[PDB]
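I would like the entire structure built from these sequences, with the hints used as guidance.
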Amino acid sequence: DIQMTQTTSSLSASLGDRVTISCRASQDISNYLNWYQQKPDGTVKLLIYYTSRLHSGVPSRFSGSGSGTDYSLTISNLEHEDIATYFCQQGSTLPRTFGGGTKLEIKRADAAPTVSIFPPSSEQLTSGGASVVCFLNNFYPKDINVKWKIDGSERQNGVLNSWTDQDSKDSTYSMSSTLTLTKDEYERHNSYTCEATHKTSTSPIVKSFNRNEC
Amino acid sequence: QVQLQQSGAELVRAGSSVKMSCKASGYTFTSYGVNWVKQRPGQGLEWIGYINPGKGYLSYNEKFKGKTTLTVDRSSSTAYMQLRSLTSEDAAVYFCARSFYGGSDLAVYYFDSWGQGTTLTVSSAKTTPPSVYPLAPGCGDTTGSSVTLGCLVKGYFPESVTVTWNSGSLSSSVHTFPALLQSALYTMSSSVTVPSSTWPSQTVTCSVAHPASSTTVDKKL
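Residue numbers (the authors' numbering), protein chains in the order written: chain L, 1 to 214; chain H, 1 to 221.
Be a bit skeptical, because a hint or two may be false.
[To be verified] Stretch by stretch, here's where chain H covers chain L in the computed footprint (C-beta under 8 angstroms, at least three residues):
| hint | region |
| --- | --- |
| 1 | 46-59 |
| 2 | 89-97 |
| 3 | 120-133 |
| 4 | 143-154 |
| 5 | 169-178 |
[To be verified] Over 10 angstroms on every C-beta distance to chain L, these chain H residues come out as not near it, computed from the model:
| hint | residue |
| --- | --- |
| 6 | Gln43 |
| 7 | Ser77 |
| 8 | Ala209 |
Just so you know, the hints here were simulated from the structure itself, not pulled from any lab data.
Built from N, CA and C at the ideal position, the CB exists for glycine as well.
In structure tokens form, the structure reads like this:
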């Protein structure tokens, strides 16, 4: 079984750029290679087949290159409609196999995260346990690091994250990290800290609250 | 013309079975082959099998032979796929694609047409109503120029909940995060940013709606 490799999961690019997505098969597939586009939440379409032949209606901004195990997809002039995920498939051996995908996101100006930390609410506490929540909203780049400090020292193995894909309006990411505790684990420790680390800052962005200050 | 219309999404109990459809149109059905391809969320596509409708038979990815049955209704121009012994690892979107004319063994295949895909969700979990909590500002959080707020929606099954701030109004400054199913439970949350001195005056409420469990919750912050 031919192991198709897209050596990039995520590829960042700004409009008007030339972009090249690369595919690699575990073995010489004699240029029997196709590229499919899947749009953000949606359908797949064939761009290119037989390494470099364009499927009808695909604009000439796209182009295939390749021989033997190494193939490339090229997007001259990155347009807006090209933010999608591209996959390569082979067509020599059976099964027909595919690469894991590579998704184009858009480059925009550095954007700093607006984080916020919320205590457990009285209703939840009545219902037995308590979850602290931190929202890190509207940041670019996608590279953020987060940890919860509880009384100086950090705690993970309770924490549970949720990223959104790049926003379609303003090209930013947001995220919610939720610690989730029991009312007595919560009844110990006064400080609860959510701490963010990003490109746009050489300071750790700290957001804390004190349980008996409430 | 070429168009493929797949069946609607199915939620199903583990161990069961499911038959999907792919109404083909705009082309002579028997003349082209059809493939079923699945996608688990965060892995690539993978080919399940192929079937030519104008005589000749079929091929299968050998890891799917057994679970899978590829059949046809030449008449209605529909392709079907039947999965057996549904496991949670069978939860994925499923596409039927059409291969261009002339063959398959080596190429002449290449999927020139795709259907929108059908979503298989395998669960052995009964409808649970959401538990809407309101994420309010912390003590000591030293008075911003704007205020971020939220509602934590937890424990619900199935995954279609709708959060709405000020019953449709603050459509901007709203973030609706991915639900992340923990133990049978889906949990999601949502945030709203309003300028300071617009809150705790003017009153902000999040309305959560889970139609399966016939819920309607409104929590004001």
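Structure-based check of all given hints:
1. 46-59: Coverage by chain H holds here, the residue count being 4 at a Cβ distance below 8 angstroms.
2. 89-97: holds (count 7)
3. 120-133: Coverage by chain H holds for the region 120-133 of chain L (6 residues, Cβ < 8 angstroms).
4. 143-154: violated (count 0)
5. 169-178: Coverage by chain H holds for the region 169-178 of chain L (4 residues, Cβ < 8 angstroms).
6. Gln43: Violated, since 7 angstroms does not exceed 10 angstroms.
7. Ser77: Holds, because the least Cβ-Cβ distance between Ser77(H) and chain L comes to about 20 angstroms, which exceeds 10 angstroms.
8. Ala209: At roughly 18 angstroms from the nearest Cβ of chain L, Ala209(H) sits farther out than 10 angstroms, so the non-interface label holds.
Hint compliance for this structure: hints 4 and 6 are broken, all remaining hints hold.
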